[PDB]
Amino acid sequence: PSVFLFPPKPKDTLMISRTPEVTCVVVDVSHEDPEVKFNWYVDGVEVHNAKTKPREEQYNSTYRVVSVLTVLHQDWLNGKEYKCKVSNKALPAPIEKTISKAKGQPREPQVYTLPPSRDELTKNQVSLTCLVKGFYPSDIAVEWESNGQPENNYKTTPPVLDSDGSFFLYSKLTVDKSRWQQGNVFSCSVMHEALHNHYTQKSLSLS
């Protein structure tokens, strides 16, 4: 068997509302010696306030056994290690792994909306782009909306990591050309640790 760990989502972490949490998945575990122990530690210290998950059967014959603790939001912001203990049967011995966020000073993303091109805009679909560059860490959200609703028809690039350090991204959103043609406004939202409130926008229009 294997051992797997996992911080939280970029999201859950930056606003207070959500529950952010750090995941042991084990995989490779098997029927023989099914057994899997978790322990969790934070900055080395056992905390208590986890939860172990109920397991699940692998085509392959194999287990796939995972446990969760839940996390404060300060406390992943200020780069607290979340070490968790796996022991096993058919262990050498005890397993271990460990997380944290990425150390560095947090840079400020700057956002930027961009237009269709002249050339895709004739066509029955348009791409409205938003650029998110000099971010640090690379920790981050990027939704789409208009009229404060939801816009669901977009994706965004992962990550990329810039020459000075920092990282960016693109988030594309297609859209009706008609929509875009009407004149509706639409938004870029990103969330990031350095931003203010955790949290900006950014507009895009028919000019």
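Positions refer to the first chain, counted from 1. Compared with the form deposited in another entry:
- Checked against the rigid-part motion between these two forms, the candidate from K101, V36, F186, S166 that sits at the hinge is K101.
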The other form holds:
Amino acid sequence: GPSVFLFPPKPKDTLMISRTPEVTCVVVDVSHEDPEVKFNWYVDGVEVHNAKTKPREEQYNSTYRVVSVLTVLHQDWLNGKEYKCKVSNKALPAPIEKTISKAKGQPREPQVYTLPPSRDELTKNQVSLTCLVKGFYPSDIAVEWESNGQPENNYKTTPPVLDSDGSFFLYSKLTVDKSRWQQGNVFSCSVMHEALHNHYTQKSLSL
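Got the form deposited in one PDB entry; any chance of the form deposited in another entry too?
Only one chain is given; partner chains and other molecules are left out.
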């Protein structure tokens, strides 16, 4: 019967001592006939006992959805430990095991480049300030914009794209009124990633 899907923590959660990163083991197609779901968890094959199973939930195709959440240590995740969720159930001929970790391999530091609007774009009422972030690994990253000790929120960031050397790049675009740019205001692209000192860097971009 059942199917298991196992999900990683969010990039920022693994990078900030403040946040709590979780791995989540989701089970679907739990039948009303066989509702008792058991989870065992292992960190590098070592069984651990701190996961938290949430109460079951009725789905609308007559099956239950049962979730187990395991909180992980930042340094454990970042050092590449493997988290295995093993799901046991009367409906199965064998337990179902899923394993997840941070993407494997040597982390690489983002290079961050800010690019002013094109002269062609300066004919519009709003312009694009571009932040190119390239050469990073793994793809988990978070990008933001600020100006004058203030956060700018009118930006959108592409997903990471796999580049030809196996690292990733993305672009983040901040849209601003042209006049804010022409006055010489300074804007900055902020990036958080494993491979940066203090997990953090910024580059400025002004006229």
